[PDB]
Structures are given as C-alpha cells and as structure tokens.
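In structure tokens, the next block holds one chain alone, the form deposited without the ligand.
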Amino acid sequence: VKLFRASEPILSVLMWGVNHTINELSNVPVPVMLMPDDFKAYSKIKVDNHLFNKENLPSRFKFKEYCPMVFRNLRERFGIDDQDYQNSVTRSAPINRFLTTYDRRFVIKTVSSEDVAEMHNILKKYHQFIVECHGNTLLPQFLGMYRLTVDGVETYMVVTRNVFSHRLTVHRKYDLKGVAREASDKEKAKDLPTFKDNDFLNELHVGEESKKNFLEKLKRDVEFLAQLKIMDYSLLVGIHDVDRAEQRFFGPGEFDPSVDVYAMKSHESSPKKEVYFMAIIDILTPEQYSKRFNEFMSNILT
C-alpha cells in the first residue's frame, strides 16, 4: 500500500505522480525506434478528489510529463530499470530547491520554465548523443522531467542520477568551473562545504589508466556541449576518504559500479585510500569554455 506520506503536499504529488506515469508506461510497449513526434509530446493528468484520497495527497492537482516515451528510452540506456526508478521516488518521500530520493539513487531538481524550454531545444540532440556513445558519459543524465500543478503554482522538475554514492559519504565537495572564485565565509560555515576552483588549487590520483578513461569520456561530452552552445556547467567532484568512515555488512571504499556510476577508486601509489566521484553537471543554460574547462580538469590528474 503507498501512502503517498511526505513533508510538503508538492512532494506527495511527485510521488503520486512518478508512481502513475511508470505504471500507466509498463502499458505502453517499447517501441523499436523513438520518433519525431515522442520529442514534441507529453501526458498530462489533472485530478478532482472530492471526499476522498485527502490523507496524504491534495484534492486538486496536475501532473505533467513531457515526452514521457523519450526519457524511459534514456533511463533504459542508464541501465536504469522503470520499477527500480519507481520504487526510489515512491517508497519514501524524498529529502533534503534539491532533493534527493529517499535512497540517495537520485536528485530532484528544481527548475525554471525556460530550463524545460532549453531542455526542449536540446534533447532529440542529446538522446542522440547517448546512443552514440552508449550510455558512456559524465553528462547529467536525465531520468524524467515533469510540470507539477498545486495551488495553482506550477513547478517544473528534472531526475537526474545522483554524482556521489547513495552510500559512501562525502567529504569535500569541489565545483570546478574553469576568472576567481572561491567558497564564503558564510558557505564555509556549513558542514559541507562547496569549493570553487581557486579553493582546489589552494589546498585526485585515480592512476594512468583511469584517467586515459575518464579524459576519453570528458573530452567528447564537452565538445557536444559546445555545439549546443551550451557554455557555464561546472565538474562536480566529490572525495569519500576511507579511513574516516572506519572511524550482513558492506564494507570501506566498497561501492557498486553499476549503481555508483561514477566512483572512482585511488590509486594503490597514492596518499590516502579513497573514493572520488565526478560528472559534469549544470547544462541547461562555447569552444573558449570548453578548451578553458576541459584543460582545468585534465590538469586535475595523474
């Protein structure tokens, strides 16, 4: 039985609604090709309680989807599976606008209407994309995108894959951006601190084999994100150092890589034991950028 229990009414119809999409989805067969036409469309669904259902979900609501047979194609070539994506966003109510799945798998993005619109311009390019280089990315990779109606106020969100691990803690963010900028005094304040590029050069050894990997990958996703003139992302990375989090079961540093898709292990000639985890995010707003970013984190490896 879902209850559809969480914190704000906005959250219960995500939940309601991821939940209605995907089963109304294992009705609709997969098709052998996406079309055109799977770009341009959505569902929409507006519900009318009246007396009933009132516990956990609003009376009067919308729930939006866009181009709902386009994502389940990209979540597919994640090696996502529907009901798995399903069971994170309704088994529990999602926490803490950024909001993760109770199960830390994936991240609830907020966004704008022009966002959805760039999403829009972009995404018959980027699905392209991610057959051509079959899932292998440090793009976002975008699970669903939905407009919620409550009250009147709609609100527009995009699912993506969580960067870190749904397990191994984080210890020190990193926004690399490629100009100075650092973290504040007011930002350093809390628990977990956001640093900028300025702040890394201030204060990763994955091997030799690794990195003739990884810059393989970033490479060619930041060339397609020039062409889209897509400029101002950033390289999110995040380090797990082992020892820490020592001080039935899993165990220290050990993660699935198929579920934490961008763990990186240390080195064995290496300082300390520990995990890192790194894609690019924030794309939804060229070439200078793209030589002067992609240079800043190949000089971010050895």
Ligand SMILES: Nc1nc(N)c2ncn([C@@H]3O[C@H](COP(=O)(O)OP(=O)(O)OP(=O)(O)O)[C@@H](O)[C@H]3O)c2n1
Given for the second form:
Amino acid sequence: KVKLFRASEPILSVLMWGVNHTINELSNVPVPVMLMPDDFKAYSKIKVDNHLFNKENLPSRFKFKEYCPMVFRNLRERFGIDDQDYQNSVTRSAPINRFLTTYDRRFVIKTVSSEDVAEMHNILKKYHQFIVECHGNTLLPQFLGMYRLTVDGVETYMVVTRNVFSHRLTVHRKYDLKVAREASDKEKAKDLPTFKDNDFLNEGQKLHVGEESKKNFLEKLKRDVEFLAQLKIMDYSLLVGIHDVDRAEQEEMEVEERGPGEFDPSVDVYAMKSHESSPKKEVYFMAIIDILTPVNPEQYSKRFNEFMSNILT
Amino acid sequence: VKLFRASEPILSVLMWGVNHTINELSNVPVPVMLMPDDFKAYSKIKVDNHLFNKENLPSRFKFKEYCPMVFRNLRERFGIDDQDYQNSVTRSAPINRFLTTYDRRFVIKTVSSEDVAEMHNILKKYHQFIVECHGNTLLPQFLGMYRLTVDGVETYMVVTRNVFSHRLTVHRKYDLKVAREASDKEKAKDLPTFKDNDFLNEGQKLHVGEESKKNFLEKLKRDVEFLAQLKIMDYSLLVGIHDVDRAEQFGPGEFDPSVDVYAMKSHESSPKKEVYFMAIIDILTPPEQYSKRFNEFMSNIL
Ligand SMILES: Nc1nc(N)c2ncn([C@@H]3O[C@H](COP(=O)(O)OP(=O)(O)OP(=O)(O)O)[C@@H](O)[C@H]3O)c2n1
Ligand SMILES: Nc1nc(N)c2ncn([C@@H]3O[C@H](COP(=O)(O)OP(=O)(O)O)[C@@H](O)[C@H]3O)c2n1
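Could I see the form solved in complex with the ligand next, after the form deposited without the ligand?
Full assembly next; the chain just shown is listed first.
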C-alpha cells in the first residue's frame, strides 16, 4: 500500500508526491453543483521543508502548486476519468518518456512555460463550456491537470492530458499535420519519427475508416476547429498514429519464441478500426494537439479542415 | 469526507495536520531501529490556498511535526495504532487550552517553547526507558508534538494518552505533589483539582489490595527514579475516582484495560465500589530529593 515515490529524477518524485497529495486533498472537498467563477481563479499551494526526515526519495525542500483544481476535477469527470485512477497512474510507479507518460501509458505529462499556463487560463472558462456542451466528445486535448513544481528553487510547469494513442496497442507510424513542412533527415533517421505533412503526402498514405466513421469524425473536427478559431488560436496540429494489427500479432509471438486490433473506445477514445473492406487491418489514433500557443486563424480553420478532409476514406 | 469542521480554527488545523502527517508517515517505511538524526528531525509544511477549500480551513497556515519517526514508534510501543490515532483527532473536532479528542481518548495540551525544548532534552532517554519497561509505565505517554502557525502566531502542542476512562464519568479529582490545597475559587467548580492536603483531610483511601498495590508501587518507583536520574522535578500525580453507584443515578464500572490503561477496580473490602485512575503528569519543567518525598507520599495510600 506504501507509495515510495521513487523516480530517476527528483522532479518526477515531486510530481508523484504532488498528484497524490492534491488528489487526496481533493477527496475531502465536496463536489459542487456547478463551478463558481472563483473556482476559475483559484489555486492550491504547498511548501515542504523536511529535515533529517523522509529524504530517501523526495527532496527535503520543495513546493507544489495546482491550478483551478475544482475545474480540472470537473474536467477529469467530464472526460470519464476517475480521480483514483488518475492518481494511481501517476503514482503507482514513476512516469517515463519535456515529455512523459505514466507507467500505464494512459496519460501524458508535458513540461510547459509560464506563458502556456497564462494562455490556458485565458481560455479555461470557454474551454470548459465547450467540453460540457459536447459531452466530452472532441478531438481536442483533454486537459486533466496543470501543476507548477519548484525544486532547487527552479519552477517547472506541467500539463497533464489523455494520451492520443492506445495504452496497449503498439503505435507503428506517427504524423504531425498542420506552407509546407517535412521531417528533417535528423528526425527521419531516429527510432519513431514524427513525420510532418510533406512526408505524409509523399508516402501517399490514406486512412480507410469507413463512411459512418469518417462522417462522425469530420463533424467532430469541424466543431472543434471552429471553436479554436473563435478563440483566436493557431499553429495547432492533428496528430496521427497507425497500428498494424498483423504486425502486432507477429511481434507478441516473436518475443514469445523466447483481441487483435481490438480496443476500448472508453479508454482509447481517439482510436478507430479500419473499414472491413480495407487493404490492411489497421487501427488509427487521430486528435488535435498543440493549442496553447497564443497568416490568419480563420484561414487556419478553413485550410486545416480541408486538408484533414482530404486524408480519409 | 473529512471536513475538519471545528469549534475554533486552530482546531481545524490540528485535525488537518495530524491527518496529513499520519498519511505521509504511512508511506515512510518502519525502520529496523531509530537513528540519532530521528531525534533531531522534523516535518514542516506550509499551505497558501486561494479561493479553494476555504469552507473549513484557512487559506494560509503552517504545520510542523517534531521527531515523527520517534513519536510514531512511541505510539507503537504504547500499543496505539496510527489509523486510530488519526481518527480520534479527525473524525470530529476536539473538545473541552486543554483538549480531548471527540472520543475522549487522547489529551491535547498547549505547551510552551521551553516545554518543547525540554521534551527534546529528554526524548532519547525517555524513549529508551519506554522500551526498557515494555511500555508498562505510569509516565505520560507522548504520542505527538506539533507546532501550528495560523495568522502568523505559533501554537505548540503535545498529544498524550488520557489518564481517565474515555467512557466512565470520573467523580473526584486529586493532584498530589511544603503544603498545597484547593482555593475556595477552585473548590467552587464542577470538578475541582483538589491539591495534596485536601485529600488527606478528606480521608478517602484507595483499596487495591496487595498484589495490585505491590506491582503498582514497583512501577511508580521505577518512574520517579528515572525522573530523578534526569534531574526533573515539580511533577505531580493525578488521581481520579469513579463511584459506580453515583453513576447509577452497556456496563456499570465496566472498562477495557487495554483502553483505560490506568484504571483499577477497587478491592472487595472497600468502603464503596470505586474505579480509580492514577498517573504522573507535568514532567517537562526542569532537587532529586523530590523523588524520595513524592514516592513516600504515594506509599501510604493503599
Ligand atoms: N491569464 C492568466 N490567468 C491567471 N490566473 C494566471 N495565473 C498565472 N498566470 C501566468 O503564468 C504565471 C503563473 O505562475 P505565477 O508566477 O503566477 O506564480 P506566483 O506568481 O504565485 O509565483 P512566482 O512569483 O514565484 O512565480 C504568471 O506569471 C502568468 O504569466 C495566469 N494567466
Ligand atoms: N501519444 C501522444 N498523446 C498525446 N496526448 C500527446 N500530446 C502531445 N503529444 C506529443 O506532442 C509532441 C509535439 O508537441 P507540440 O505540442 O507540437 O510542441 P513541440 O514539441 O512542437 O514544441 C508530439 O511529438 C507528440 O508525441 C502526444 N502524444
């Protein structure tokens, strides 16, 4: 039952301690009927000065700040995520890979800037309104928590989201789609490259999701990018991951010498199975990412939507 | 859901803090032994909330625990489970500075800076004594020492186990330590703390028998010899009497000796049927001869 908070770097130990602490505190606060405006301006701040005490894995001195915890608790709920699940994914064992996921591949933690935190604040009220109006059905990032860590006097901002990719299905290819950009030879020659727009058009990959799936997808994406434009946001990308059912079927047995393509929409919410009549058996993960940035954002909406339309069947 | 609702805000912080520290402690393993740094150690946390969780807590406060490994171990050596300790302090606000937990199981006393200094001066020898007598002792059982800062003003507290039964109403009180007696002022309260002389005037005796009295005396002698060997004085013996029959105006004169650890039933050959609670108190204010006179006083009462 004993959480040690052991991690490779002290900041991660503090991250685990902080999420554990704040979720436990959150469990003694009742759940409100609605959020009040003050809930959107609030924060929790704790400052720890231990001494000759509990130093095995944590620092003796550190600080942890959580932003709008009532709000992200509500978001967590509206996205179908249990607080106990959230805390466990972050604390049963250290996250891994600044860019991290929890041990269980369920959630992503990104280090971010002061400015990103500011923008998140400027948009949070309208974003929560959007999430609730669409019952959480959106390809936008699902923000579950925003925290600030101070260790060795250095502040570090982090934003927690749900992973776009399946937490079980191996992802075989990745694209970042938003002028004309392509993957550097440097990126092109690494373990799993983020292949930009130009490489996707060069390769001629299309995604065969089947009529009904494609339509629900495009309706959802149109609602979302129009929201982003109405918030005067741009430079956002659509993230795309390909899982090859048959290759996975092989490797889970090739390591064995030493359902297939089945997934849970309650967990892998951006996942989509390939059309029954498709060249190969694939699973796709597609969602919008990178929306805290702030040439025209209206034209951004229109161009982005036309491109993403022309990448599906 | 622990709301930490309390009578005065300092009590809310006490509840939050003991809750916090006991939960943190449950993620700290139990060491093979205590090390010297454990006797110099401390936990310190500082809270600045804002537009958040202000219903029952303050937005800004600070909480310090002294020697958490030691007091946790003491707790164990006194037969006290950490989760129980935490519940008694947090399931419901303490009551009536002098406090007990809602369930009347532990006493929370405000104490001075100097008292904290003294507790530190003695803690290692005291813990060693606790372990040497397997916790069977009449000395105060220190379960936790904490510093609270709320509105920038610090408040020190020591938690100990209660002398009296947490269920049985106690009917008369004597504080035995020269010549001290109860003032007309003190004499005119609901339960007076009647000092040494008035108990001898009243002519109440306590009939515990022989075997009971004998083992009791062995324990009292051990304790005061320890306190002398540490050059401590001005300590008092607290004694409370429960007269079952007055209570009659589920169980009568019934208690759990694992819980009311200082209780004793009266001898069959006794004036009335009584239950007695006896333990040493106020041992933080720093001749030896006090040991001998004190123990002699307590000798002639069985
Ligand atoms: N639109 C908006 N609304 C808010 N409600 C809000 N809140 C914070 N930001 C921004 O990010 C930083 C947050 O940490 P803060 O710097 O504020 O944290 P704090 O000031 O306590 O500590 P420091 O002074 O030791 O850094 C701020 O400086 C801002 O750049 C906010 N932006
Ligand atoms: N699997 C998965 N699930 C998520 N929820 C998720 N969210 C963000 N990524 C990552 O965002 C990174 C770029 O991040 P981006 O915002 O473009 O910032 P830059 O790196 O350009 O500064 C991409 O390479 C993705 O790996 C995610 N990956």
